[PDB]
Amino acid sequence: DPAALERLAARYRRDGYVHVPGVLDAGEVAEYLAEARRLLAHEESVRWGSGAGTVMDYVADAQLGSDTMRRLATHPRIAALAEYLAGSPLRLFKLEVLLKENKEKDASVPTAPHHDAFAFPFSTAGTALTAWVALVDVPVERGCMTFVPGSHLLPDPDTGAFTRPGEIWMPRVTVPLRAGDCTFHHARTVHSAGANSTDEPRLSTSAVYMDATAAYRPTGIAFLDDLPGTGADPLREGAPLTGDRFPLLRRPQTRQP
């Protein structure tokens, strides 16, 4: 339905995020969920901690070690939506598997407000977008996300969420999601997430898509600049991000009238 897709894109452009229900069917959800659980339990994950406590555990670059996650990262429907929303051809940058849950003596805490762009070591960071796919039901209390609509159109912080003049006065929209729903959000959209205050883990994936012309651009933060699976040598500033490691979401056409 091209009309509903136009409306959806227009919402994305105006707000800086959009909710898309039922992007995965029930079987797909049950497949990706199992693989998410398997990876978290049997492979390496990374703790995102703060003084406040545990923000989350995640499997980094999950697509590199798991085909099943790569299929999700390049899912045809998700990819097609992303490209339509972005308005250009895209490449995959990374997929992560995200877990928020309460453990013994380790309570889940919120994800503090931020925007994603400044942590992206590539040239088109400012127009990147993220697909966050719910693999279980994520009501408010299980730590769904909140977005500040229009915040992607604000100028740069002079550093920085909620630092620009008037920004604190801007309304915020909390978006609970059913299993198999996703959101897309722009790299400049301010977003946060609640603590998981339930007994059921919050499980999802988050995939970052970038302009197909993206080039390497170090942030100067070692941890963000070091891209696994890109060869022995560090990457040079300006180096294009291409190939299997940063795949095009849509096969480029050889066939033309």
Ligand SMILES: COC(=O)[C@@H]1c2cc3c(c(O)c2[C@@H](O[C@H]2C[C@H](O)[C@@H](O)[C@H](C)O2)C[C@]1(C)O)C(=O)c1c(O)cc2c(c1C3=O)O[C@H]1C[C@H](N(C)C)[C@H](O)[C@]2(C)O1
Given for the second form:
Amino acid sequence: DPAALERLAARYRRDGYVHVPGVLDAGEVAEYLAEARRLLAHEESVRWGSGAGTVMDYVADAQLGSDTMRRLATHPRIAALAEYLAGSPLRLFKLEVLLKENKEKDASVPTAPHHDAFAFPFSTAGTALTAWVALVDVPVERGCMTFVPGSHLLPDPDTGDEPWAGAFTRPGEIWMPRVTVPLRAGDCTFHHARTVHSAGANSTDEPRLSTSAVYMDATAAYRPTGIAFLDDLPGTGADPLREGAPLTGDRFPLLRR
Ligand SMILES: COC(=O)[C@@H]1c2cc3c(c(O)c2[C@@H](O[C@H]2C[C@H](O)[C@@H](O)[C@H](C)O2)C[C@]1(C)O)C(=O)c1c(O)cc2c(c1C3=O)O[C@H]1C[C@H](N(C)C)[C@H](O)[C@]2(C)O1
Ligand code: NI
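Based on the form solved without ligand 5R6 presented above, generate the structure block for the form deposited with ligand 5R6 bound.
Complete assembly follows, chain above in first position.
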């Protein structure tokens, strides 16, 4: 529906995020859920974490190892929505498989508020957009996200040292309302790179399973952040990438054809 799709982009532009129910059908959920699990048991995961505990375990660049995940990253419907909201043609940068759970030593902790934007190592990071797809029910207590509507319109935070930092540092920012967005399996959220957002801890004995896909402007180019683990991109060849190099080909596939 054209008119409906436009109401959606209005919401995205106003708020810097939007919630889309049922972006995947039931079977598609089961398909992608089963594959997420498999990757989390077989592949190597990365602990995003601290002495407080595990923020999450995740599988980096998961679309490279797995055709299945590549299909989800490039799912026709998610892609079409992504391009419409973004306003221009896009490419996939990365897809990650995400896990919040409670282990015996290692309790699950929240995802602190943050600002994804200049932690993306590409020229157009400022206007990037991220799709987050629930593969299981994610009510509040299981660690759904919270977004600050409007926050994508604020000036960026002081370019200090950690490219994700600066959430809740701008004048009047702490007085803005916040929206907590529980999701049903197969639901997704889109959010703008500059939108401030956070997530709860998983305080339930059932794991929180989701994918997060970062889409980027089709003409984007490499822009090191300085943080080595953000800058070092697998499946790009032997030597590292020089600044200003274009991100293209199957490695960073176009969304539309
Ligand atoms: C240098 O900081 C660290 O060693 C930790 C850390 C790490 C991250 C981040 C961190 O905040 C931290 C650090 O942030 C601290 C900040 C404070 O000290 C406190 O809120 C708590 C102790 O967590 C912890 C640690 C050991 O320093 C991020 O915030 C982060 C992020 O916001 C976004 C990403 C981040 C991060 C972080 O990796 O990494 C990748 C993967 C992500 N995926 C899994 C959704 C994202 O796409 C993205 C862009 O890419
Ligand atoms: Ni984020």
